[PDB]
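Participant: Residue-level listing of the chains:
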Amino acid sequence: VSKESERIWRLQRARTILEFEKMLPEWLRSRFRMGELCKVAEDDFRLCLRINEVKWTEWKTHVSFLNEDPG
Amino acid sequence: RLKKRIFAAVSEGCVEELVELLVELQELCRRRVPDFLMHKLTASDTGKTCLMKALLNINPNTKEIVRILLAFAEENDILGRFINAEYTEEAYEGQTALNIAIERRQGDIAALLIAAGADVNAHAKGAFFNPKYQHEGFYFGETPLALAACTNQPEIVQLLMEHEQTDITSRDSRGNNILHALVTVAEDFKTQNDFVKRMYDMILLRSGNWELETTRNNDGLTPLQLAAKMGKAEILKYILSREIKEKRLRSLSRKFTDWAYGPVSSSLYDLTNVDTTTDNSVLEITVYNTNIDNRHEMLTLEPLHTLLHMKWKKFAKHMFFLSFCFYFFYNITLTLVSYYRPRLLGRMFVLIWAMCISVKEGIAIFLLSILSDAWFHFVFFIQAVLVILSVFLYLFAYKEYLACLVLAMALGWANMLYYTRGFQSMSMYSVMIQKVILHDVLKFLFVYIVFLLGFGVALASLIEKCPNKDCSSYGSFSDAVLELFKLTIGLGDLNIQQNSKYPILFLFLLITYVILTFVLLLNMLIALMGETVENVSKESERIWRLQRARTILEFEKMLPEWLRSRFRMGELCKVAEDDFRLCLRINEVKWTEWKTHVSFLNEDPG
Ligand SMILES: COc1ncnc(OC)c1C(=O)Nc1nc(C(F)(F)F)c(-c2ccnc(C(C)(C)C#N)c2)s1
Ligand SMILES: COc1ncnc(OC)c1C(=O)Nc1nc(C(F)(F)F)c(-c2ccnc(C(C)(C)C#N)c2)s1
Ligand SMILES: COc1ncnc(OC)c1C(=O)Nc1nc(C(F)(F)F)c(-c2ccnc(C(C)(C)C#N)c2)s1
Ligand SMILES: COc1ncnc(OC)c1C(=O)Nc1nc(C(F)(F)F)c(-c2ccnc(C(C)(C)C#N)c2)s1
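Chains A and B supply the protein sequences, listed in that same order. No gaps in the numbering here: position 42 of the first sequence is 725 in the deposited numbering, and each next residue is one more. Numbering (the deposited numbering) for the second sequence: 118 to 149, 154 to 464, 484 to 508, 515 to 613, 616 to 754.
Among the hints, erroneous ones may be present.
[Said to hold, decoys possible] Capping the alpha-carbon separation at 35 Å, the derived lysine-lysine pairs in DSBU-like fashion look like this:
hint, chain 1, residue 1, chain 2, residue 2
1, B, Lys253, A, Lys743
2, B, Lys358, B, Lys368
3, A, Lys738, B, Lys581
4, B, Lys246, B, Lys350
Don't read these hints as lab results, they were simulated from the structure.
Throw the hints in and build the complete structure from the sequences for me.
Facilitator: What follows is the structure in C-alpha cells.
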C-alpha cells in the first residue's frame with residue numbers, strides 16, 4: 684500500500700483534472716490550453732509543449748537542436 | 118537577412134560552401154567597422170555568436186566550419202573579441218565558446234580555440250550555471266577547468282593545466298575553487314564510477330601544494346569541510362586517508378605509514394582540520410550537521426572513528442557516568458521528597493541541582515532537526531523549571547505545588563532515558579523519539595479530533611431532553629465528547645440504554661466510533677513498531693552511535709582550556725623535511741596485500 688497510495692492518488696488526480704477541465708466553458712479552456720505553436724519543418728507548425736528535464740545521472744553528449752540558443 | 122543565413126549555414130553544417138559564400142558576401146558588405158561585423162555576427166537577444174551556434178550543433182563537418190570561422194575572424198583582426206565573446210542573457214551569462222566546446226566533448230576544437238587565444242578563465246556566471254538549488258540548472262564550477270573535470274575529460278584537464286595562463290586557484294561566484302566544485306559534483310559509491318575521485322587526485326597532484334585545499338569558499342569551508350558538510354562519504358574517505366607514494370608529493374599525503382614490517386603496519390593520520398581544535402572541523406561538521414542522513418557512514422571513517430573512541434575512553438565515559446550518577450541521585454532525592462511530602485535532611489540539593497540544570501540547558505538552547519538531536523535539552527529544562535516552580539509554590543501557601551512536584555519527579559524519571567538509550571531495553575523509546583514525534587502522531591491527533599467532534603455531535607443530537617440525570621450520560625455536546633474520549637481511553641462503558649428515540653442508530657454510531665478509533669490506534673501502532681527487527685536494531689545502534697559522538701563533543705566543550713590541552717588527542721610527528729603535524733596512530737594487520745615496503749618514516753619499527 685506504500686506505493687498503492689501513489690497509484691490511487693495519481694489516478695484520482697487525473698480523473699479530477701479531466702472532469703474539471705470538462706466543466707469549464709469553452710472560452711476558459713481556450714484561455715488555459717497549455718502548449719505553444721512551433722515550426723518543426725517547412726510547413727509543420729504543431730502545438731508543442733516544452734519540457735525542461737534535468738537527468739543528473741547523465742553520461743552522454745548532445746549535439747542537436749531546433750533553436751540552439753538556449754531559451 | 119544575412120545573420121539568419123549565416124546562423125543556419127553554421128548550425129546545419131550540411132555544406133561549408135554555403136557559409137563560405139555567405140562569408141564572402143559578408144566581407145563584401147563590410148568593405149563599404155569591427156562593431157558592425159560582430160553585431161552582424163552575433164544574436165542581439167542572447168549575445169551568442171556563430172561560433173557558439175556552430176559548436177552547440179556538432180556535425181561531421183564542424184571542425185572545418187570553426188576553422189573557416191576563425192580564419193575569417195583573424196583575417197579581419199577581430200578574432201580577439203570574437204573567440205572571447207560570451208552570452209548576455211541573464212540565465213546563461215558568461216558562457217563562451219570554450220565552455221561549449223568542452224561541454225560537447227570536442228577536444229580537438231577545444232585545443233584549437235585555446236591556441237587561438239580564448240581566455241581559459243571565462244566564468245560562466247549565469248543563473249543556469251549557478252543554480253539556487255540543484256536539479257534546476259547545471260553547476261560545474263563556472264570555469265573551463267571545472268567543466269572539463271566535472272564532465273570526466275582528463276585529456277582536456279591536462280590540456281588546461283599544462284597551459285600557461287590557467288588559474289588553478291580561481292574561485293567562482295560561490296567562492297568554490299576547482300576542488301570545492303569537484304566535491305560538490307561527486308555523487309556516490311558506484312554512480313559516477315568514482316571518476317571525480319580521479320580528477321580530485323590528479324588536479325591536486327598536478328599543482329602539488331596545499332593552497333587548493335586550504336582555500337575557503339564564501340561559506341568559510343575548505344574542500345575537506347565541504348565534503349564534511351555535504352554527505353560526500355567517498356571523497357571524505359579519500360581526502361582523510363590519502364597516501365601519496367611519490368617522493369616529491371609525499372608532503373601532500375594526509376596518512377603516512379611509518380612502521381610496516383610484515384602484515385603489521387602502524388599508520389599515522391593527519392588531524393589538522395579534523396580534531397575539534399579549530400573553528401569547525403570535519404569532526405564537528407560530521408557530528409552536528411543534521412541535513413545529510415549519512416552520518417552512519419561518515420562517522421566510521423578512518424581517523425574520525427578512532428578519534429571518537431579515544432575521546433570517549435579517555436574522558437567522555439567518565440563524564441557521562443558521573444552525570445548519569447548525579448542525575449540518578451537527583452531523581453532519587455526528588456522521589457523521596459515527593460513521597461514524604463508534608464501532608484527534611486536536604487530538600488535543597490534538589491533545588492540547587494535543578495537550578496544548575498535549568499541554567500545549563502537554557503544556555504544550551506540559547507545557542508541554536516532541533517527536535518531529534520537537541521530534544522533532551524527541552525525536557526531537562528522543563529523538569530528543572532517544574533522543580534523550581536514546585537519549590538516556589540511550596541514556600542508560598544499554595545496547595546497546588548504537589549501537582550508540579552509529582553510531575554517533575556515523573557518527568558525526571560522519564561529524562562533518565564537520555565542516559566540509557568543504548569541499552570537494548572529503552573530501544574523503542576529512543577527510536578520513537580524520532581519516529582512518532584515527526585508527523586504520524588499529529589495526523590492521528592487531527593483525525594481523532596475530527597472523529598471525536600463529529601461523533602459527539604452525532605450522538606448528542608440523538609438524545610432526547612429528559613426530566616436531571618436525564619437517563620443519558622450523552623447529554624450536552626461536552627458530555628458526549630467526554631464519554632467518547634473516556635471510551636478511547638478505556639475508561640467508559642457502552643450501554644444500550646441511553647434515552648434515545650433511535651437506540652439502534654445510537655448503538656450503530658457508538659460501535660462505529662469504537663471500531664474507527666481502533667483502526668486509527670492500530671495504524672499508529674504498526675507505524676511506531678515498524679519492526680523489521682534487523683533494520684530497527686540498525687536504527688537503534690545508529691542512534692546510539694550518533695548521540696554518543698554528539699555527547700562526546702558536548703562534553704569536550706565543557707572542559708576548560710587546560711584540561712582540553714591535557715587530553716589533546718594526537719601525537720606530534722615529523723612527516724616531511726620540516727612538517728611536524730599532529731597525527732593519530734592506527735595499527736593494522738593485513739594478510740592479503742603482500743608488498744615490499746618502500747614508503748615509511750621510520751625504518752626501525754616498534
Ligand atoms: C523511564 O520512564 C519512567 N520510569 C520510572 N517512572 C516514570 O514516571 C514516574 C517514568 C516516565 O516515563 N514518566 C513520565 N512522566 C511524563 C510527564 F507527562 F509527566 F512529563 C511522561 C509523558 C510525557 C509526554 N507524553 C506521554 C505519553 C504520550 C506517553 C502520554 N500520555 C508521557 S512520562
Ligand atoms: C472522518 O470521519 C468522520 N469524522 C467526523 N464524524 C464522523 O461521523 C460522525 C466521521 C465518520 O467516519 N462517519 C461515518 N458515517 C458512516 C455511515 F453510517 F455513513 F456509513 C460510517 C460507516 C459505518 C459502517 N461501516 C463503514 C465502512 C463501510 C467504512 C466500514 N467498515 C463506515 S462512518
Ligand atoms: C471501547 O474501547 C475502545 N474503543 C475504540 N478505541 C480504543 O482505544 C484506541 C478503545 C480502548 O479501549 N482504548 C484504551 N486505552 C487504554 C489506556 F492505555 F489509555 F489506558 C486502555 C487500557 C486501560 C487499562 N488497562 C490496559 C491494559 C493493561 C490492558 C493495556 N494495554 C489498557 S484501553
Ligand atoms: C482495548 O483494546 C483491547 N484490550 C485488551 N484485549 C483486546 O483484544 C480483544 C483489545 C482489542 O483490541 N479489542 C478490539 N476489538 C475490535 C473489533 F474489531 F471488534 F472492533 C478491534 C478493532 C477495531 C478497528 N480495527 C481493527 C483492525 C482491523 C486494525 C484489527 N485487527 C481492530 S480491537
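Participant: Could you run down the list of hints and mark each one as holding or not?
Facilitator: Hints and how they fare:
no., hint, verdict
1, B:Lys253 / A:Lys743, "25 Å, holds"
2, B:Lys358 / B:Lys368, "23 Å, holds"
3, A:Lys738 / B:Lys581, "32 Å, holds"
4, B:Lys246 / B:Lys350, "24 Å, holds"
In the structure shown, no violation is registered for any of the earlier numbered hints.
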